[PDB]
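Participant: Residue strings, one per chain:
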Amino acid sequence: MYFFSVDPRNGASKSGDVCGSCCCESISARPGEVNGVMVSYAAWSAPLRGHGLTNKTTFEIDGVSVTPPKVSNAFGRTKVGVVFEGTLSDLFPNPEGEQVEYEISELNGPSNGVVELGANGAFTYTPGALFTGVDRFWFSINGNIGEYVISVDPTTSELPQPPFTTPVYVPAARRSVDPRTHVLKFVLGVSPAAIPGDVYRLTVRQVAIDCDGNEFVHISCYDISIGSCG
Amino acid sequence: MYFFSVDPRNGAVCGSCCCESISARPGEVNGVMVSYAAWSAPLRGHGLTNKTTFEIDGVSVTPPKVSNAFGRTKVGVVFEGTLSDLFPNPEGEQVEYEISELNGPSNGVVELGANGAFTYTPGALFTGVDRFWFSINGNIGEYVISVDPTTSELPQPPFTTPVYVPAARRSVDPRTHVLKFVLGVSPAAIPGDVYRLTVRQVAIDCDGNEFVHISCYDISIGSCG
Amino acid sequence: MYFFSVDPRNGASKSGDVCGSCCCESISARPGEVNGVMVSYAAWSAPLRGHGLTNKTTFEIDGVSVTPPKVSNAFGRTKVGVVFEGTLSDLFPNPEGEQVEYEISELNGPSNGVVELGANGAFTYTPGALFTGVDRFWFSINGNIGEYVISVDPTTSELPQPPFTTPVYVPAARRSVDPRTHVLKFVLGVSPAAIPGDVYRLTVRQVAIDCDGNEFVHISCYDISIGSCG
Amino acid sequence: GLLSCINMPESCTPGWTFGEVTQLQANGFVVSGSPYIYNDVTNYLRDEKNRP
Numbered sequence: 001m002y003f004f005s006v007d008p009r010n011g012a013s014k015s016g017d018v019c020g021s022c023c024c025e026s027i028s029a030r031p032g033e034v035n036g037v038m039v040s041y042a043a044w045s046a047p048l049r050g051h052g053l054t055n056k057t058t059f060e061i062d063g064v065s066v067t068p069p070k071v072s073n074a075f076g077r078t079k080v081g082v083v084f085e086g087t088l089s090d091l092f093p094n095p096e097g098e099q100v101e102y103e104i105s106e107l108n109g110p111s112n113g114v115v116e117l118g119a120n121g122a123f124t125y126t127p128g129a130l131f132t133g134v135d136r137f138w139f140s141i142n143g144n145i146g147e148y149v150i151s152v153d154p155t156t157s158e159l160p161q162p163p164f165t166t167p168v169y170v171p172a173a174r175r176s177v178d179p180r181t182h183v184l185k186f187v188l189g190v191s192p193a194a195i196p197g198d199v200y201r202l203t204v205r206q207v208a209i210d211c212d213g214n215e216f217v218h219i220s221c222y223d224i225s226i227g228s229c230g
Numbered sequence: 001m002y003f004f005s006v007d008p009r010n011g012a018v019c020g021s022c023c024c025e026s027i028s029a030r031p032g033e034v035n036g037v038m039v040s041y042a043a044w045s046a047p048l049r050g051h052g053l054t055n056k057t058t059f060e061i062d063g064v065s066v067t068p069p070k071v072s073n074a075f076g077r078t079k080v081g082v083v084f085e086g087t088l089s090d091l092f093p094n095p096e097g098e099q100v101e102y103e104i105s106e107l108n109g110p111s112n113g114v115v116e117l118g119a120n121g122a123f124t125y126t127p128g129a130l131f132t133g134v135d136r137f138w139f140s141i142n143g144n145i146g147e148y149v150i151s152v153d154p155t156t157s158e159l160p161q162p163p164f165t166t167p168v169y170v171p172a173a174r175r176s177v178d179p180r181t182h183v184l185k186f187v188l189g190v191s192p193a194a195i196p197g198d199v200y201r202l203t204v205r206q207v208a209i210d211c212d213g214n215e216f217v218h219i220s221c222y223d224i225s226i227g228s229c230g
Numbered sequence: 001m002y003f004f005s006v007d008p009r010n011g012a013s014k015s016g017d018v019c020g021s022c023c024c025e026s027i028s029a030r031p032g033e034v035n036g037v038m039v040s041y042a043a044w045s046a047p048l049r050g051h052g053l054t055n056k057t058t059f060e061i062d063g064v065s066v067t068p069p070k071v072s073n074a075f076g077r078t079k080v081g082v083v084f085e086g087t088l089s090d091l092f093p094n095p096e097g098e099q100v101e102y103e104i105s106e107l108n109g110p111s112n113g114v115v116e117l118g119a120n121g122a123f124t125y126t127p128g129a130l131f132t133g134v135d136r137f138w139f140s141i142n143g144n145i146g147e148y149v150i151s152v153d154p155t156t157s158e159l160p161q162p163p164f165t166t167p168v169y170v171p172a173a174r175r176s177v178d179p180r181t182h183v184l185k186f187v188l189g190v191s192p193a194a195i196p197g198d199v200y201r202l203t204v205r206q207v208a209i210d211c212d213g214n215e216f217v218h219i220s221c222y223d224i225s226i227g228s229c230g
Numbered sequence: 316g317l318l319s320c321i322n323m324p325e326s327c328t329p330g331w332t333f334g335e336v337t338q339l340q341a342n343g344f345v346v347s348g360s361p362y363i364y365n366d367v368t369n370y371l372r373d374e375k376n377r378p
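Chains as they are written, first to last, in the entry's author numbering: chain E, 1 to 230; chain F, 1 to 12, 18 to 230; chain D, 1 to 230; chain q, 316 to 348, 360 to 378.
Worth flagging that the hints you see were computed from the coordinates, not collected in a lab.
No more than 25 Å apart at the CA atoms, straight line, and that leaves these computed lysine-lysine pairs for BS3-like: (1) q:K375 / E:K14; (2) E:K70 / q:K375; (3) E:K14 / F:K185.
Per the computed footprint, the stretches of chain F lying under chain E, defined by three or more beta-carbons under 8 Å from a beta-carbon of chain E, are: (4) 23-30; (5) 33-42; (6) 104-115.
For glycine and all other residues, C-beta sits at the position ideal for the given N, C-alpha and C.
All chains, full assembly: derive it from the sequences and hints.
Facilitator: Written out as structure tokens, the structure reads:
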């Protein structure tokens, strides 16, 4: 659990470290992890005598480094109960000549079915019976990590298309704010497709409220450095 | 929350001329408290009054690159607009646009097209004003839309200035001689700019007369905190 | 019993990322042993005030130095009560010309039968009367260790085929977690055929749970070093 | 740092000139002018993101 204190901007009197301008706070993260972060606006909102904070926050994740992926992600559709088949060979455009070690990591396998990887870039996904939703699984073609999303339909018409989850993400509604202690809690998820060494930036906009219902906006920044022990 | 103390006028931080200092980040809305306790307490009277006057002047502006635009659509009806005739892109440069999710609309949703096109669907059962902040190749501007309640129209609001003080959010505590007010910074404020805010507060004696006092603060729009 | 304390993924760990280190933990193992490992997720799950861990742990075994075996394994079948015969010469493809000293270690012999090794690569296995299951025994052909599996049938049709247990493995269902003290226990089994000097890597993916039933993933890594004599 | 056994054929014009040298001296490289070695550095310019 990361725990950060906010710059209170009381007098903006914060002797910069002379050299060391960076004002965004560093956050290390590992591919696959899903960690929790708590930021304490108490230093900034406590002098502002009012009703504390409010849940009307906002976030944004602009990247800094990219290191574009090698393997592309893929999407498939099938009906309920019926077995699905798929390929894994046209998802890795290789510039050079080498072999293709198709592999499905057991840590990031399916969630509501089974996957039997064939001999050469083929696979059979048998979904769990009496089930209708979405499923994902992360393949590792020649070390490069990509994802495959499958949508199983309840045999009637069709299911919509998920947005192909990003490298670094913040869940939709898993955040919260405690106006009693001025503490904002949120989740930091790193998909297994993140490449080690990259750097992303997360900017948070938190609004406090006065005694009469007006707003006080505060903006902070964090540097998510994707590190990896492999 | 900024907290300043006024000089009690005895000839007793001059910086450059007199005025104090206030750092500020683009987009924030902070609060400032100034304590006239040092100046109004010896003048035993009825404390301060609610007759403050604020004035903003820019000593470093860096004239904006992109420009703003208005809008006067109706209720429930979708609105269409372009974002190409705003940036004059003097030297040949990619016109890559972007709608920051931190400063998106307030009662609707935009749909950034492929080439500076956007579709604003106002929230159903809503009539009023709305804004959003775009970033055309790093330079930030605002687009304002007025959704009208299908009768005739709606007036034109003023495009918000980079640094401002809200219309009615000031207060005075005569029991402690403290003035509270708010400092709002537009997201379009360019880092490095420097503005000057001047205040003219009036205290009052036990008979209903006035005592004037004038001060400044230099607001430095700085990036990264 | 091994005991590990997990990285709290807070911050100080590895000076954020500046350092990095995070070199996977060490586990010394001996061929034939079956040890127990415990990991304390408290330092990570205590700040996440919620319902502790869940029984959704996942493991993975991959070899970073394997030294492929010389002698191959073998599988045989027989019925209940009937004696079994077999040879032990066609399992040792020798590149050079040398002598074959067949041997059956009394430590890792059969469990429900008796084996009489022949004079020239032969063996007679009498299974235990009134028994039907699977049986294994580990031979040492010229020092090189291999396993022989026998399937005794309940005389009706046939028994399926076991998966030829790996050098290093984690038992199917012998793991547990105590949500009261944030401790995960599991077992680590090393086959008698594991060659000294080989190195495997075990990655553990453990998921905690918040106060509302959401998930928090954590991944850790260890190196199992197959050494001899401790 | 004078590489002894190279016996390079003496000439009157180098390869990398002053400019491109000064260029890839900021960028870490081991430019060699017999030929002697100087600026014996490694290709290290930046920690995780704070380049200097």
